[PDB]
Amino acid sequence: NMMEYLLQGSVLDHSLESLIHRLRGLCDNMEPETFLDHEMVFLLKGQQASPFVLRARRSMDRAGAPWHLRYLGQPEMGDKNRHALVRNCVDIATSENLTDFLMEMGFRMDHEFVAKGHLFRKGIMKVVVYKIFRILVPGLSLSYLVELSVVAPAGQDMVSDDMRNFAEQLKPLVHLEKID
Amino acid sequence: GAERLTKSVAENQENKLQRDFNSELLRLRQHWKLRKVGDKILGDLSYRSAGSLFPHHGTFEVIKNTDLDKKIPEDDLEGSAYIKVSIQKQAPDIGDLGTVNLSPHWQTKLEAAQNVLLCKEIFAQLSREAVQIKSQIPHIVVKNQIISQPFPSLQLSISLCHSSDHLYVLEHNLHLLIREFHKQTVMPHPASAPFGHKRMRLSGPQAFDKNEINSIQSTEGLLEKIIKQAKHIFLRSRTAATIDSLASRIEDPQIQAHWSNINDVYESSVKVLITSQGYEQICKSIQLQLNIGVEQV
Amino acid sequence: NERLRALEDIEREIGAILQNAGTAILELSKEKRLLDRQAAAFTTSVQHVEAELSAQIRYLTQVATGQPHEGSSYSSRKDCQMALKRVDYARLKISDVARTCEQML
Amino acid sequence: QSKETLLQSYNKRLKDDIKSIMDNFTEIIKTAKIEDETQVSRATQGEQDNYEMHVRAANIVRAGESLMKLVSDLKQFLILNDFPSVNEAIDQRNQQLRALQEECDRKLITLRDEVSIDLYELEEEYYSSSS
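Chains as they are written, first to last, in the deposited numbering: chain M, 17 to 155, 163 to 203; chain L, 161 to 226, 229 to 237, 248 to 274, 286 to 347, 364 to 384, 389 to 500; chain H, 8 to 39, 43 to 115; chain Q, 9 to 139.
The shape of chain M in the complex, shown without the other chains:
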C-alpha cells in the first residue's frame, strides 16, 4: 500500500558547513539533533533466489528504542523524473527480538555497518547526513551521505516535484540523483 521516494545523496567529506548551515537555514526545522545507529542486513532465500533485506537498524544511543526495520527493493520503473524508489514497509521490533527472530526463522547476516551524523526533517520530506564506518562490532569511506528520502502512500507522485525543487534549492552544494 505505502510507497517511498528515497533519493541518493553524496557530498565530499570536507564540504560540511555548506551543507549543515544551508539545511538548518533553508527549510528543515527548529532545534536540530543528531543520531547514531548500526544496521544489520539479512537474507533468507533458499530456492526463491530473492534475498530479502531486513535492516534491523538499532540506535545504540537510544534508550531502548524499538529496532525499526524497513523492507526496500525492486525499484518500480515509474519514469516520473522522481527519485526512482519502490514501495516501503516499516516494522518495529523489541529488545534483541530482531536477532532472536532472525535466528528462529533462520537468516544470514549479509553484512554489518554503522552510521553517525546529524538529523534533519521537512514537511513531507526527510533529509539526513551521516558517515558510514568499516569496523568490528566493538568499534570509513571518507564520504558523507545526504539521505534525502520521502516515504508516503502512492497518491499521485505530487511530492516528486517538491523533492526535485528542494534538491534544486541545494544545488550549489550537492546534486541529488537516482541510483541503480
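Just so you know, not all the hints are guaranteed correct.
[Claimed, not checked] With a cut-off of at most 30 angstroms between alpha-carbon atoms, the simulated DSS-like pairs for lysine-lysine come out as follows:
1) L:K317 / L:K382
2) M:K61 / M:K194
3) Q:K27 / L:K167
4) L:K200 / Q:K11
5) H:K37 / Q:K11
6) H:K39 / L:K261
7) L:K232 / L:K200
8) L:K474 / H:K103
[To be verified] Between beta-carbon pairs, the in silico distance windows are:
9) L:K261 / H:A100: 28 to 36 angstroms
10) Q:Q9 / H:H58: 32 to 40 angstroms
11) Q:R120 / M:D107: 46 to 54 angstroms
12) L:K196 / H:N8: 21 to 29 angstroms
13) Q:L119 / L:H381: 22 to 30 angstroms
14) L:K224 / Q:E96: 23 to 31 angstroms
Derived from the structure by calculation, the hints contain no laboratory data.
We put the beta carbon where it would ideally sit given N, CA and C, even for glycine.
Take the given structure of chain M and dock chains L, H and Q to it, following the hints.
What follows is chains L, H and Q alone, placed relative to chain M:
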C-alpha cells in the same frame, strides 16, 4: 569628490547610530525574524516558525528614517491588547467598551503586534473549541466576550481586550497555546522513515490495550482553562469555609490548617489538624484532603 | 561577522585608492618626484580593491533559492517574555504584601 | 526572479564599471600630450580638447566612485541579512534568553521557598492563638 567621499565614510564609521543602510538592518535581523527579500523586507512575527497557524504574515517596516529604522505600520492591528478574565455578577447584556490600561523603537513597535497576533490566535482557538464544546456546561458566544458557566457561583467572562485569578490563568492560557504550537512541530532517533512520535510507536513493543492508545493524545483548549478556574474557585471556597469555621469556633478547639508548597495544575494538597488550645499531645485527629478540580475533595 | 568588516574595509580601501589616484595624477601633472611611486601604489590599490570585490562577489551563495534561516528563536523570546511577566507579577504581589505589613505595624 | 542570476548580473555590472573606470583613468593619464601638436588652431582647439578631456575624466571618476559605492552597498545588503550562512546568531540569542529565563526561574523558586517558610512560621502562630 574624493575628500567628500572620505569625509562621508569617516562620519558613517565614527557615529554608528545614523548608519541605517544595512547596519541597523544587520542589528535588527540579529535581533528579529527573517526577511524574505522580495522587494525590501517581509516575514513579520507571524509565529510561523512554530508552524500550524493561520496566514497573517506580511512585511511590516522597510524605510529610511532619522536610530533610523522604519517601524512602519503592519499589515493592521497596531494597538495594545490582552486577554481579560474575571468572575463577577454575570449579566446577559454585552457590547461594552473594552478598556485597555497601559530603549529602541522597533522593539516596542513590533512587540505589541506580536502580542495582539497571539491574542487573535488565542481567541480563534477558543472559538474553534467553543463551537464544538461538550454538553457539560453552557457557553455563550459574543463578538469578544464569551461568558460561560461551569457550575453556579462561578461565572467566568474570558474577554479579549483591544485598543479600539485575573492574571495567573492568563499566563497559563498563553503558555498552553505556545505549548500546543511547540508540540505541533519529537525526534524519535529515526533510521529508515518512521517520522512520528516516540510514544506513538511505543505501542508496538509494549502493547497497551486502551491506556496509552488513549493517553497518547487528548482534548485541550477551553476545557483546561475551565477546569483550572473550577479548581481556583473550589480552593477559594474551601479556604473561606475553613477561615469562617475558625472565626466561628472560638471557645471550641481552634482548628489548625497547613497548606502545601507543591500546588499542581489541577490537584493540590491541604493538611489540617484539630490541635486543641495548648495541648500538643491531644492531636488525635489530623486529616489531609486534596481538592481536585473536576471533582470534590 | 567578519565578512561585514571585510566589505567595509574593502569599500574604505576603494575610496582611498580613488583618492590616491587623483592625488598622484595631480602631483604628476602639476610640474616635472614621488609621482611614479604614487601612481604605482594607486594602481596596486585599485587592483587590490577590484580583486577583493571579485572575491566577495564570488561567495559560496548560501541559498539563493528561498528565505533562509527561517525562525529567529521566537520560542525563546516568548519564554523570556513570560519569565519577565512572572517576575513583574511577583514584584507587584510582594509590594502589596509589604504595604499590608506596613499598614499592620 | 533568478536570485543567483541577478547576483551574477550585479557582480558582472560592478566588475565592468570598475574596468571602465580604470580604462578611463588610464586613457586620461595617457592623453596628456604635453607636446604642442595642435598646429591648425592651437589657442582654440587645444584648449577645447583640454577642457573636454578634463570634464570627461572628472565625470568618469565621479561615475566610477558612485558605481563602486553602490556595488559595495548592494554587496553589504545581500551579505548582511539576505543570504548570510551565519545562523549562529540565533543560537547565541537562544543561549542568552535561556540563561536569562533560567536565572529568573531560580530566583522565583528561591523566593517561593522563603515565602513558604515564612508562611508556615506565621501559620504556626496565627492558627494557635485566639481569645
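Practice item. Could you say whether the range 21 to 29 angstroms given as a hint is met by the Cβ separation of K196 of chain L and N8 of chain H? Key: Since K196 of chain L and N8 of chain H have Cβ atoms about 23 angstroms apart, the given range 21 to 29 angstroms holds.
Practice item. Mind checking the alpha carbons of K37 of chain H and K11 of chain Q for me, to see if they're no more than 30 angstroms apart? Key: violated, 48 angstroms
Exercise for review: Please work out if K474 of chain L and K103 of chain H have their alpha carbons no farther apart than 30 angstroms.
Suggested key: Judged against 30 angstroms, a Cα distance of about 25 angstroms means the pair holds.
Check your understanding: Are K61 of chain M and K194 of chain M close enough, with their CA atoms no more than 30 angstroms apart?
Key -> violated, 41 angstroms
Review point. Within a Cα-Cα threshold of 30 angstroms, do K200 of chain L and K11 of chain Q meet the stated pairing?
Key: holds, 14 angstroms
Review point. Has the hinted range 46 to 54 angstroms been met by the Cβ atoms of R120 of chain Q and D107 of chain M?
Key: holds, 49 angstroms
Check your understanding: Are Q9 of chain Q and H58 of chain H spaced within 32 to 40 angstroms by their CB atoms?
Key -> holds, 34 angstroms
Review point. Is the distance from the Cβ of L119 of chain Q to the Cβ of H381 of chain L consistent with 22 to 30 angstroms?
Key: holds, 27 angstroms
Check your understanding: Going straight from one Cα to the other, do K39 of chain H and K261 of chain L come out at no more than 30 angstroms?
Key -> violated, 100 angstroms
Review point. Between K27 of chain Q and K167 of chain L, is the straight-line Cα distance small enough, at 30 angstroms or below?
Key: holds, 25 angstroms
Exercise for review: Using the beta carbons of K261 of chain L and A100 of chain H, state whether their distance is inside 28 to 36 angstroms or not.
Suggested key: holds, 30 angstroms
Exercise for review: Could you grab the alpha-carbon distance between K232 of chain L and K200 of chain L and see if it respects the 30 angstroms cut-off?
Suggested key: The hint holds at about 12 angstroms.
Hint check: violations occur at hints 2, 5 and 6; the rest are consistent with the structure.
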